[PDB]
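Assemble the complex: chain E is given as a structure, and chains s, F, I, D, M, H and G with the ligands must be docked to it using the hints.
Listed below, chain by chain, are the residues.
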Amino acid sequence: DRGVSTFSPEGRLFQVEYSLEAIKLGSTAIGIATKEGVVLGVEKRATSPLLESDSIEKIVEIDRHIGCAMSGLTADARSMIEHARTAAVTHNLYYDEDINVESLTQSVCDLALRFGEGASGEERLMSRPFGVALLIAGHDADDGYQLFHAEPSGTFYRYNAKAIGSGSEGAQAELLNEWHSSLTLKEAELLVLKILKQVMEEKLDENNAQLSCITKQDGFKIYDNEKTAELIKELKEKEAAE
Amino acid sequence: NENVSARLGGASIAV
Amino acid sequence: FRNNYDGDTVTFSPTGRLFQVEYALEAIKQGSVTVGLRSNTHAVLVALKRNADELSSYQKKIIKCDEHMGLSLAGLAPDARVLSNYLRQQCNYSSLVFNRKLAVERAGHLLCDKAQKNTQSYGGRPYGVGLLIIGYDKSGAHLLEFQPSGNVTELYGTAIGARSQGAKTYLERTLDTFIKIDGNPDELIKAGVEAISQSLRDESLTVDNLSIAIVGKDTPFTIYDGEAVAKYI
Amino acid sequence: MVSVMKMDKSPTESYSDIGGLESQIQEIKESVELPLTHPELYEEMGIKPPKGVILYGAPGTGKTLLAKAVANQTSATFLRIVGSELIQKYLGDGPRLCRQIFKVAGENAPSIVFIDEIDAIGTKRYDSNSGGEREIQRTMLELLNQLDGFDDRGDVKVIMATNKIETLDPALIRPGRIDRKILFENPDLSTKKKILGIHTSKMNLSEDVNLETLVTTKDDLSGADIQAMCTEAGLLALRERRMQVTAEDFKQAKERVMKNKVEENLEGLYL
Amino acid sequence: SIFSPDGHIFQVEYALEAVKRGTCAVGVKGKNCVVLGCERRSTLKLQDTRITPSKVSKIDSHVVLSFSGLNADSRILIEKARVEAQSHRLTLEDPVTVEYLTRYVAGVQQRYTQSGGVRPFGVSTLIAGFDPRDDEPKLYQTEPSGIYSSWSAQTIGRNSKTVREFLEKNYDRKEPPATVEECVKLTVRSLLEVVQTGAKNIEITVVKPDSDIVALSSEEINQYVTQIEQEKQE
Amino acid sequence: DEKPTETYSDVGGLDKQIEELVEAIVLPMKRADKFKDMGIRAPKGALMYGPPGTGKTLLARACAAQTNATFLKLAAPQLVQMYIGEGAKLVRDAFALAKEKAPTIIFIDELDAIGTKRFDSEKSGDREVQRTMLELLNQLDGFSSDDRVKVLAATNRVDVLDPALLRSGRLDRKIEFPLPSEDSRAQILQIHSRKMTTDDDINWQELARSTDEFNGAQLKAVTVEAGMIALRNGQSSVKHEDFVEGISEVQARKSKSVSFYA
Amino acid sequence: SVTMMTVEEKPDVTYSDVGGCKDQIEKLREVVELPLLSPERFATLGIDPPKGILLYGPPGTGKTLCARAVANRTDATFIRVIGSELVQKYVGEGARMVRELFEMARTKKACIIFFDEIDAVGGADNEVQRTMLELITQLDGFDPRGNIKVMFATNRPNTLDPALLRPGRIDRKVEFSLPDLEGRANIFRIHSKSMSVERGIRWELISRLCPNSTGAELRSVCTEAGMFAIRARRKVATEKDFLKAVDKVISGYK
Amino acid sequence: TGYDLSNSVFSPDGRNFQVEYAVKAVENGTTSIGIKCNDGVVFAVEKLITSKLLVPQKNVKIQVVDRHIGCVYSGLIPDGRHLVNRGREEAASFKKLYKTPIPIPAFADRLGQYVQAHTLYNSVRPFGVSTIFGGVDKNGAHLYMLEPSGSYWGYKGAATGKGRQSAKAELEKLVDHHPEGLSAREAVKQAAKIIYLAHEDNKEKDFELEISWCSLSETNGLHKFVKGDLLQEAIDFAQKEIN
Ligand SMILES: Nc1ncnc2c1ncn2[C@@H]1O[C@H](COP(=O)(O)OP(=O)(O)OP(=O)(O)O)[C@@H](O)[C@H]1O
Ligand SMILES: Nc1ncnc2c1ncn2[C@@H]1O[C@H](COP(=O)(O)OP(=O)(O)OP(=O)(O)O)[C@@H](O)[C@H]1O
Ligand SMILES: Nc1ncnc2c1ncn2[C@@H]1O[C@H](COP(=O)(O)OP(=O)(O)O)[C@@H](O)[C@H]1O
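Chains as they are written, first to last, in the deposited numbering: chain E, 9 to 250; chain s, 113 to 127; chain F, 2 to 234; chain I, 167 to 437; chain D, 9 to 242; chain M, 173 to 434; chain H, 194 to 317, 326 to 455; chain G, 6 to 248.
Honestly, the hints are just simulated from the structure, not real lab data. Be careful, since some hints might not be right.
Between beta-carbon pairs, the in silico distance windows are [as the list claims (entries may be wrong)]:
{"#": "1", "chain 1": "I", "residue 1": "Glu299", "chain 2": "H", "residue 2": "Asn359", "range": "17 to 23 Å"}
{"#": "2", "chain 1": "F", "residue 1": "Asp183", "chain 2": "G", "residue 2": "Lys101", "range": "46 to 52 Å"}
{"#": "3", "chain 1": "H", "residue 1": "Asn359", "chain 2": "I", "residue 2": "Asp317", "range": "26 to 32 Å"}
{"#": "4", "chain 1": "M", "residue 1": "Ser340", "chain 2": "G", "residue 2": "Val65", "range": "50 to 56 Å"}
{"#": "5", "chain 1": "H", "residue 1": "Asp268", "chain 2": "M", "residue 2": "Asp182", "range": "46 to 52 Å"}
Ideal Cβ positions, reconstructed from N, Cα and C, are used throughout, including at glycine.
One chain only, chain E, in its complex shape:
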C-alpha cells in the first residue's frame, strides 16, 4: 500500500525494489564477452506448438553493429529501444560517426529515471517506471567490447558477463566459475548451452532459444534455427564424449 516518491523508515524504497523482482518472473537472457566477440542468448518461453516463434522477438538490432536483449517484461521495453535508435542515428548525424556505447546508454538509464525529476528540466512522464531490464552489447573504438547492463532503477554497470531473470541466482555461479580472459568466441557460443540446458523446463530445441554474435569485423548477426542446432551436436560432441 505504498506509493512512488515516498521513502520508508528504512530508506529502502518499495516500488522500485519491487520492480527489481518482476524481472525474476520473466525469461532468461544471457550474453558473454570474448575479446574477439560477444554472444547473446534467450529462452523463448514458447507455450504451444502451433505458434510461429519467428514473431516473438526477444532480440533486436539497433544498427548494423549494435544489438540488445530485453528480459523480464518484454512488452514495455519495446518502447525504449526506439529511444536508443533515435539517439544512435541522431549521433550518426551531428558527427558523421558511430557513437561510443557509454554516450548512449547513459541516456536510456536517464529515461527510466523520469518518474520524478529526470535530467535538467524534465516534465514527469512515466506515471510508473519501466518494469523491465536488459543487456547491451557492442563495440566502440575506445575501450573494447564493453558489455553494459541496465535496470530501471536508473543505473548501469559494466560486466565481463552475467545473467538475469529466472535462472539468475543459480546459473551465474557457473558463469562466475567458468569465465576467464583467454577464451574463444565459439566456446562462448556453446558454453551458454551447457547453462541454458539446465534451467529450461523441457529438452532443448532449435526453437526454444536463438543466438546472435557481434563482431568489429562484420558487425551484427542473428543466427538461424539450424545453425544453433549444429553446435548443440557439437555440445553433444562433448556431452556424448565426456
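Same frame as chain E, now just chains s, F, I, D, M, H and G with the ligands:
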C-alpha cells in the same frame, strides 16, 4: 458441596 | 508506534519534525563513505567504491563539474547525477554571461535553494544524498558539506556514511597538523587514506577499489583512478 | 462422548454406484485404501502417506455422498462427532474430552474419522477481546498442539469438511498434516452424464427416452437437485394419474425449479 | 496502476480476465487461405441482425479484425486504426503491411496504461490478412499488455480452455489445412463445442488475396454443419 | 525494601524540572508546622509521571535527603488470590506505619495500571477496588490529617488512571518525567556496562545525538545484545559500530540488501 | 499430574535434520549451551546472561523440529506446558501445575522448559490473566544466574501484554521465516534421502520454484510425486513426476 | 486528532494545529535578537559549533536583501532563506518603479502576505521559521519580527530560539533602566551580553558570535556587518556581565 462453577457467556457490542 | 505523520512531506510532526527527511538521512548511513579535506592551498576528494561481484566493474563516486571544480557523493547516484548536470549550466552561464568565473560557495547557496523547492510541494522527493564539493577561486581553496536538508557548511575536512566515525576521528586527532601543508599533495593525500583504514571491515584496499581526484591553487581537476594509485597502497 | 462416536451403521449409500468422478476418488483410496492394501509399496521407496485430507464446500454439490459410501465400504471403524455437541458451559470440558478421542483412536490401527462442519470451531483468530467466546480459541489450541506434539501418526487419520474456507480456517490446516486441500464443485457436463446414469435404474420412461435433450445447456446449477428432477415427473404423473413414466411432464422441473433461482444475465455488455 | 511486490500489477492481473468472460472466436492460417469465426446470441428475439455491430470489422480493403471482451473499447480502436491505414497509404504511397498497424496498436494499449487516471481495455483482439504484393498469410494476436504475437490459431472467450487445446489434437504443421471446406470445417469444428445451438448463434468471414473478402449466410453454415451433424453419428 | 536511604546520586536527567520539586516536598516535610502555624491545608503529596527509563525512584531516593525518612515496599500488590483487598487491608496497617515515624517516604508504583483509566473494563464487583481506592482516600484522609506521610506515584503519563486526583486536598499537583539529554544517558551506559568488561575508545556523543525515541527503557536493554555479538565474534573490547549501529539499527531495520545505492 | 512424565522414549531429531537458514540456530544454540556449559565464556567478559529465548514463527516451520532437536541432543529432561493440563475450570487449582512445576524445577538440573503455545493462556468474566500473574511471580526470583532458560514459541506475538515480557524474561528473542532457495535446497536434500529416484538430476531449479512458502509443503510434495508415481506405477522416480503435482499444489491453493 | 493532519482544516477550537506544531520546530533552534536603537537597528545571533572541523567566519546566517536592510532568522536554515531570495527580487522590482529605495512597511506588506499563501492550500509546507528584519527609510528607524502564521508587529526588541525566556524578562529589566534613548554603538555592547547570557539553556556546547547593525549616523544608513576589534571589544565586555 460445590462452588467451583463458571459458565461462559455471549455478548455483541458496537465496533 | 505507527506515526501517521510519515506519509507525504509537508506534514510536520507534533514536535517539529519532517519524518520523511529524518528517515531519509539514514540512507547515506546505508551508503558508503567518501571523505575530503583541504590545506590553505590544496583540497582533496576520496571515495571507497562498492563493487557488485568478482566480475563487475565498479560503482563510481566522483565527477568533475568543470575545470575548477569537482565533487563526490554518497548513497544514490541518479538523483545525485542531475544536480551535477544541473550546476554545469550554472557554471557555463557564468563563463558566458560574465566570463568572471564561478565562485564555489554561491553554488552551495544556489544548491540549498534547489532542494527546498522540492520539499514543500506535493509530489516529489528530496534529492536524498550527501555529497562533497571542492575547487578553487580567487579566495583560496574551499571544501563543503551537503545534506538533502539543505544545510551546507565550509569545513576543513569531514566524512560520510557507513563506518565513517573511525576516519572522522583521525581529523580531530590531526586538525592541528594538515592545515599547514602546501605544494606537496602526496603526503597530504595519504592522510585520509591511512585514516580511512579505520573504517575497513576487512576489505583491505586495492589498486581499483579507490578513487582519488583533487584540486589546487594551480591544478585543474584531475582524477587518479584505474592503475595509477599503486603510488599510495 | 463415546456414545455418538462409534457410528458403525453405514447406509446403503453405494460406493461406486455414485457416478461423480474418479481422480479425486483414487486420490483418497490412494490416500487411504491402497495404503491399506499393500503399504509395503510405500515402504519400497520409503513413504509416509498423508494424514488425511480436506475437501471444500460448494454446498449441495457432493460434500458427503461418497463419505457414507466409504462407510458402506469402510472395512474399518468410522467415527462422527460435532463441535457444537462437543462444547459445554464449563471450561476445558470438551477440550478435556477432545483428548479422549486420540486414545480411542489409539483403540485401533484401523482408526479413521469424519468430522461435522467445523464452522463454529477454529474459524478465525479474532482477538476475541469481547469476552466468553475465547473458549473456542482456547479449544483449537488444545487440538492442534495435541495433534502434533510428538506423534508417530499411529494411523491417527482424519477427514474434515466445511462449506466455505476463506470465511474461516486461516492457520489451523498445514501441509503434511493436511497436504490435500481438494475440491468438489459442479462438473459442467458430467451431472448430465452419470447422475441419470444412476437414476435410469428404476424408472422406465414409458414412451421414449428423450434424454438426448433432457440435458444441460451449460446451465449454472447443482446436479444435486436432479433428485428433484426425477421426483416431480412422478408427481405430475399423479397430478394427472400417469402410473407410467413420462418424459413430457419431466420438462417442467428444470423450467420450474431451475427457473426460480434467477441470475443477473448482464451479458448484453461483453458481446 | 503500480507494481505489486509479487512482480505483478493489480489492475492488469485483473483486466485480461474480462476477455475470459465474453464471446469466443478464432481464426487459422490455411495452406493458401485465412479465415475467422465468431459468436452470436441465438434466442435474441424481436431483432434484425443486419445492422448490429458485427464482432468482425474491416480496416482496409484487405485486412479485418475480430475483437472480444467489451464492445465500446473495441469501436475506438478501429477508428484510430482506420486513420493510420488510410494515412499510411498517403505519405509513403504504399499500402500497409500487417505488422505495422499491429505494431502500432500494440503500442496504444500501453499509451493507455502508463498515465494518470486511464484504465486499460476490457479488450483483446486479433487480425488477419495478406500483405500487398505477396502471398504468405499473416495473423497476429493482441491483449492489453501490448505483447503482439503470431499464433497459427488463437481464441479468446468462454469455455476456451479445452478449445485452446482442442486444436492440438486436430492441427498439424506438416499437415496444414488443404482447402476451405476442411479449413472452415476446422474453423467450425472448434467453435461448435461452446455453441450448443444451431447456426444462428455465430458469424464468420474469410480472406483471400487482392481483397477477396466473403461473409457466409446462416444457410451456408447449415449446409456444412449438417455434414458433420451427419458425421457426428458414426 | 525499607531504609533511611543513602545520598541522592548525581541529579543529571530532567534536573531543571526537579529542583523546583524538592522545593515543593521538603517544606511539607520541613516546618509545615510553621505552615500549620500559617494555617494552610498544605498537601500530602503530588504526582510525577512520564515514560520510564528515567530514574524515578532515584528522586524517591532523593526524597529523604533533606530530611531522613524511610522508603516503601509494594508493587502491584493488591492483585491477590482472595476475596479481600488483602493489600488494602495491609494498606491500613502499612499506611499506619506511614503514620509511624512521621519522617517517611511513601511511593507506590503504577497507580495507573493498578488503577485503570475509568474501570469500565471490569465488572461491577471489582474486588473492592474502588473500595481499595476508597482506602487510599480514607487513608489519604488520615494522611490529610497530618504532615507525617508524603505520597507520590508514577505510571503512564495521564488520562490512563482514575480522574479522582482533581481535588487539591486529594493530590493537587502533577509533574512529568520528560525525555532528557543524553550525556547522562551516556554515563549510565557505562553504569550498565560497569558490571561488564569493556573499554570506551569511542566518540559516542555524535551517536547520542543521532538516536532519539529510544527510552532509558530501551537503553537499559541495548547494552547486552551487542556484547554477545563481539563475543560471538570473540572480541572483548567495547567498540562503536558493533554496539551503536549494531544495536540502534537492528531495532526495526535490518537486512541491508540495497543495490541502486553506491 | 496429568503431564507428570518428563520426556518421551526416543526423540528422533538432529540439528542437521533441518535447513532452517543456519543463522537462527546460533544465538539459540548460544544462549542454551554457552551459559550452560561455558560460563567462563560468560565471565570471560563478565556478563549479565539472559533467561529466555522469546520467539515467534508461523507454524509449519521447523522451529518445532528445532524445538524437538535440543531435546534429542542435550539428553536432559523436558516438559510440555499447554492449556490442556495447565488451564482447568477450577479457579486457582489451575495454578497448582505451575507451582509444583517450578518449585520442582529449581530443585532439578537441566530441566529447561519448552512451554509452547502460551498464546493460548497468555492472551490479555475471565480468569486467564491471574494465571499469567501466577507465572511472573515465579520468574523474577530465579531469573538470572542459572543453567536454566525459558525458551518456547507461539503463533501471535502481538497477542499478549508485554508487562510480563520485560527484558529480564526473554531477552535474546527469536524470529523465524521461510528460506532462500538454497535454504530451500538443503532442506530438500533431507526428505530426498529415502526413496528410489532418477539419481543425478537438477533438483536445484525446483527450489527456484519456492516462493514464499514452508518447507512442510516440500517434504509433502515429494510424496505426492511418489503417489503420482504410484498411479504411474513408476518403481523409480523421475523429474517430471515432481513437476506434475507441485504445479497443482499451489495453483489449487492460488 | 483527525483534523490535525494537513493545512487548511480549521478546528472546532477554530484553528489549524499544524502551524502550532511549526512553533515547536522553530523552538528547536538557535538564539537570535535585534534591537531598535535610537537611530537604526542591531542584529546578533547564536551560531553553535559541533566539531572543530567547522570553519569560523565563512558560514554566516544573516542575510542581506538590499543595501538598507539586514535580516536574520532561526530554526529551519533553508526555509528561512527562500523568502529572502523572494525578498531580494521583490524590492528590486520596486526600486524599478519610482526609482527610490523601499520602505520597511513595504517589505512586510510584500512578505507578510506571502507566507500566508503557504497556509491556504493543501499542497505546501508552512514556513516553519520566525524571522526578523530592520533598517531605515526616509521616515527613520524601524523594526519587525515575523511568526509563521503571517503575523508581525513593530517591536523595540525581539528574540527567538530557546533564548526566549531569558531575554524577554531581561529586556523588561533593560527598558525601564534605559528608556531615554540608546545609540548604535552602545547596544552593540549590551546585545552580545545577552547571547552569552542566553546560552545557559545549551551550555553543553560551544559557538561563536556574529553581529551586524546599520546606522543612519555611522554608515549612511547602509548595511555593514561587523569585522574588527569592536567585536573583540564587546566579548571582552560581555564576559564581565556574566562574570
Ligand atoms: N453426484 C451425485 N449423485 C447423486 N446425488 C448427488 C450428487 N452430488 C450431489 N448430490 C445430492 O446432494 C445432496 C447432498 O449433497 P452434499 O453431500 O453436498 O450435502 P450434504 O452432505 O447433504 O450436506 P451436509 O454435509 O451439510 O449435511 C444429496 O441429496 C445428493 O443426492
Ligand atoms: N525449516 C525447516 N526445517 C526443517 N523442517 C521443516 C522446516 N520447515 C518446515 N519443516 C517441516 O514441516 C513439517 C511441519 O512443520 P512443524 O510441525 O514444525 O510446524 P510447527 O512449527 O510445529 O507448527 P506449530 O507452531 O503450530 O507447532 C515438519 O515435519 C517440519 O520438519
Ligand atoms: N543516575 C541513575 N542511576 C541509576 N539508574 C538511573 C539513573 N538515571 C536513570 N536511571 C534509569 O531510570 C530507570 C527507572 O525508570 P522508572 O520510571 O523508575 O522505571 P519504572 O517505571 O519501571 O519504575 C531505570 O531503567 C534506570 O536505569
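* Asked: Which hint numbers doesn't this structure obey?
  -> none
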